[PDB]
Each structure stands twice: as C-alpha cells, then as structure tokens.
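Visitor: Modelling step: build the complete structure from the supplied sequences, incorporating the hints.
2 protein chains.
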Amino acid sequence: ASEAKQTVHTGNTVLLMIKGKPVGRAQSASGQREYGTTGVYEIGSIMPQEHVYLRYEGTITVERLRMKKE
Amino acid sequence: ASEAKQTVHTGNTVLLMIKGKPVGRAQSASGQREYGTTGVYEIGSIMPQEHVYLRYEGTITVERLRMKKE
Numbered sequence: 002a003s004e005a006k007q008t009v010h011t012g013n014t015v016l017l018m019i020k021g022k023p024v025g026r027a028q029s030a031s032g033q034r035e036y037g038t039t040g041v042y043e044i045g046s047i048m049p050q051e052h053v054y055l056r057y058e059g060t061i062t063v064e065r066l067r068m069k070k071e
Numbered sequence: 002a003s004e005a006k007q008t009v010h011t012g013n014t015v016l017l018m019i020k021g022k023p024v025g026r027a028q029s030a031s032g033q034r035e036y037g038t039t040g041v042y043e044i045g046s047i048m049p050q051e052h053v054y055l056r057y058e059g060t061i062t063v064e065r066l067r068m069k070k071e
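In the order they appear, the protein sequences are chains A and G.
Residue 71 is where the first sequence ends in the entry's author numbering, and the numbering goes up by one at each step.
Residue 71 is where the second sequence ends in the entry's author numbering, and the numbering goes up by one at each step.
Be careful, since some hints might not be right.
Said to hold, decoys possible - Looking from chain A toward chain G, a few residues come up when the C-beta cut is under 8 Å (computed):
1. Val41
2. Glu43
3. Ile44
4. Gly45
5. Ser46
6. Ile47
Simulated from the structure, these hints should not be mistaken for lab results.
Idealized CB from N, CA, C, for every residue including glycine.
Guide: What follows is the structure in structure tokens.
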C-alpha cells in the first residue's frame, strides 16, 4: 500500500544535484534562513506595535564523505 | 507592581500629545532648562556672596521613527 495523503521526505527519498550531476555519498544538508525581524516599540505601551523585515540571510551546509575522485 | 501602583513614571505610563492628538512612534523626548545662574564676587572675600538668575533658556527635543504618513 502506498498513500500520498500523508508522506514525509526521508534520506532515501531525496537527491542532491549540482550542475546536473548527483552528489554521491552526501551525508547531510542543512538549510538555514533569517529575515532580521525587528519589533517596533513606542512611548505609551510596552506592547510591540508592529514587526518589520529588514535583512534576509541564509546558508546551506553540506557534509560529505571524501571520495577518492570527484 | 501594577501600572496603577508604580511610584515612578515609565515610558508606557505617559503619552506625548500635540494639538490634542497623540504623537505616534515617539522614541524619546529630552527637555532642558537653564537660568543663567551667575555668582557675584567682591573684594575682601574669595567666596560668592550670592547667586542671581539672569536669562531663562530651554529646548525640547523629540525623536521618532518616520511613518509613511502623519
């Protein structure tokens, strides 16, 4: 039995590709992402009035076993 | 302590108003005041005999985040 209504990605389900070649023996990939969300405050209340996005940042980290070639 | 019970004013306990409308996004206000207080000296003592007020001056500075309107 194979159902689509629930499914999760897994290490076996996902290829990593660079320039149209799959990366062999990749052990992990970690993608991280940040928007710099800054809260707006003013005289008259302690509450945040608003949030603003100010600076996008992100990194991709890859661990791999060192092959003898490629 | 409850806001109704604090002994000290704090930024949330006060509002800034001009022409009967609250000034939004107010970050700070600084009020300064000078009296020109000058000491009088005379021959026979090294010490000021009295101080006198000469010229009142004062400035109020307001700083805000710039809104898209108002």
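Visitor: Against each hint, give a clear statement of whether it holds in the structure.
Guide: Hint check results:
no., hint, result
1, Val41, "holds, 7 Å"
2, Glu43, "holds, 5 Å"
3, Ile44, "holds, 4 Å"
4, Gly45, "holds, 5 Å"
5, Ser46, "holds, 5 Å"
6, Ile47, "holds, 5 Å"
Going through the hint list in order, the structure satisfies each hint without exception.
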